[PDB]
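6 protein chains.
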Amino acid sequence: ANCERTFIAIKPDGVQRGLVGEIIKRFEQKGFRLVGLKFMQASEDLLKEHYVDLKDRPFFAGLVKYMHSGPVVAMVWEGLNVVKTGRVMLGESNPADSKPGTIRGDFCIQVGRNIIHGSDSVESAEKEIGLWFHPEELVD
Amino acid sequence: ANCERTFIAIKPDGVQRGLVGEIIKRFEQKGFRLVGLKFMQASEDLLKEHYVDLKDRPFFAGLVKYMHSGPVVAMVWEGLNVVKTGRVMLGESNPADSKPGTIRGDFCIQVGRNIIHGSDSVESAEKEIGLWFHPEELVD
Amino acid sequence: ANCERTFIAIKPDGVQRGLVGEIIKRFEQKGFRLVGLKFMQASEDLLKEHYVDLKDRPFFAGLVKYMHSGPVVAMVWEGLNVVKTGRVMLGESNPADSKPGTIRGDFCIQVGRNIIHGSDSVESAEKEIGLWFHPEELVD
Amino acid sequence: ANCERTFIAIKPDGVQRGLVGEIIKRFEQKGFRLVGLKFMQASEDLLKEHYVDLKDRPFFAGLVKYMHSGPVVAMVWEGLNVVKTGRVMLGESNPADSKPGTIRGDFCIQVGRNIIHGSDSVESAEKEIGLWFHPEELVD
Amino acid sequence: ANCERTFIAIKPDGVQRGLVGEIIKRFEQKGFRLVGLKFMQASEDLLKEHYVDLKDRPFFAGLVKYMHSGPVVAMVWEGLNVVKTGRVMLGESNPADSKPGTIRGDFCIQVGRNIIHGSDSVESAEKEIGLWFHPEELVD
Amino acid sequence: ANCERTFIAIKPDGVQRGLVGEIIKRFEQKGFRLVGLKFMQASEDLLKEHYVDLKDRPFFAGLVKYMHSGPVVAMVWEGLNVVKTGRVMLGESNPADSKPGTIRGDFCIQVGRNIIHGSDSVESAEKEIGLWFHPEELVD
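Chains as they are written, first to last, in our numbering: chain S, 1 to 140; chain A, 1 to 140; chain R, 1 to 140; chain D, 1 to 140; chain X, 1 to 140; chain P, 1 to 140.
Treat each hint with caution, since some may be false.
Identical copies carry no separate label here, and so any pair may be met within one copy or between two of them.
Said to hold, decoys possible - Derived pair list, reagent style DSBU-like, types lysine-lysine, alpha-carbon separation capped at 35 Å:
hint, residue 1, residue 2
1, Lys-127, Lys-84
2, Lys-55, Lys-65
3, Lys-55, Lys-127
4, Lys-65, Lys-84
5, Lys-48, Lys-65
6, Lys-48, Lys-38
Source of the hints: derived by calculation from the structure; they are not laboratory data.
All chains should be modelled from the sequences, with the hints used to inform the complete structure.
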């Protein structure tokens, strides 16, 4: 009914600069609850199936090394229609078309090293959280 | 010329959670002045003519009891074309289509228990303030 | 047990500049609840018994006219030992000795036209709220 | 490649009220760097070629006197496609169509005394900075 | 030299209300880096050795059940003399003597259900992080 | 009477990280006005008489090169007893004794590369502004 769970991630640029506080705020003050917050670098074992559909791209190697550069923060949120709300409130991956008020539209400049990744659909969200978060990791 | 006066209200959810500070801020820092700020629960004598046009709705009783649950904050603002500016800066009552940067688009999740009510037109504003604020209550 | 109620007021400088949002915030985010929020100019009928103990001062007339200049906001808060917490979090009336982080220590410059008035003791608070807020005005 | 430089200015209303901090913030936290920040009133020698294309307007004299009223802040920013990003993040000069989240859409009320001026194109930016900032004034 | 690591925790009140964003901010904007951020409820296996020195207290059972009520956030920070800086910037556990500007002095009201726990000494910090964070959990 | 003018500067760390917005805010929202805001790197011609009294120190060369590393922002403020208010609101140069709520007590970690420099006395302020700001640079 209202137990839909999404996933939000922080790129190495976000942490090397340091913005996680407001990133958490934009969901916390909204009303969405968090069930899982894990910190890691994820190595390369998980940054192959996460972008498995993007493996046939020229930028796959460079971008995956860019993500692998440093540690990355992982969050899981739940709320009514949360998946759609997150993507629009995050903003388009291309800063050129990114209205003010969205996280990616307020801290991201270039398409290359973007800041935030989020699930487009419920199936993607559940698959990703299964890949990353063990069932005991989450809470209620 | 520039004496147009509007009305903004706070639902019981807004106060039971507590957000009135930023709600006031979004108008105060804008430049609009306030002429009236009264706090009450309004009983049921005023929550019948306020939604008199919505009396023929299945959700009228439940929603009016939800509003009657706790006390509600009432504000009056004035400014150039303030009525139109308030509604757009507040955001659509449906969070599904609510761009970031609007009060209802930054703290409201579900259509049922919305947060903010505002006058759609000048006539509605004047009728409501007559229903709620006595002429001596306001200031200049 | 925890029903102690205090009083906080806004000088005409605070509103003519406009700072009520953060003033409300500093108590709202703290956890204190509000039972009464009334807006008025208070005329001169209430600005004689409020400072009745200060009537024998050279600055009484000038300061009371300064307060009477414009409308003033009145608030009532409740919380555990709220009266003591409010005064320290407000800061000393003299900005010269006013540590950062207090409302009067972050927006007030000169002793003359100070910004915030608050009850020093429970008896003063109850007397003032009786003078200003009628029993039906407050809520629970 | 990424050395494109723009220009942002502060109207006398912005400083007489005082908002330069958040105005700087909206670009600083974004990632854009600043190469030049000069404070002056600019007299009337520069407020004739800045609006030379607007000289044939009925409001030219009144608006130029309004700008000449007080001192004005001048800033220069650089970033990828910064010129386009600044104008959209600033918001339309007409507050009537100004979505929330933009500087002009969050602090400006009337078209007459607007708050922020910015370069529409690279050529305008370079011409203006040549008119205002001497080459030694800027930094790298 | 500068690798000293501390520990900060969030009580169930902090999350059930929701304040983790600003709590993270107060350290992130300061300059301290984080090496570990894990979310759990910790059961009762870890809330016996954490307060082993407080086992001989009348409030031990009630307080440990209060902490066990909900999930709790765990953070680890590193910086020059970070342990001392954290405790003073957090504020005294007793709100009665808690100057404004400290996290516990800006969101905590009563001694009973306090908000933040932090290591008093380096030895306590290392013992606690050994109890909670596995060596592979942390990063560099 | 109230025309006392002080000086505040931004170290290269402050700009290379980027914090000038809040630094300006802490004075702007207070009420102090600014008469001069110039941006430069100042070369070494001015970073010899500024610290002429500190020339007989072992850290003079290293610290002066650290300041010379990048450009530095210069500001001038005026207000009632502004010089004393600035220094206390800035906080002690040593972060070890720096209460929360002060700029240096909220963003500085180590004594070596401090963030903010300010005039201790009126004579120092006037001498410094004479060294840096030409009389025509300032405004009224």
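Q) Which earlier hints can't be squared with this structure? A) none
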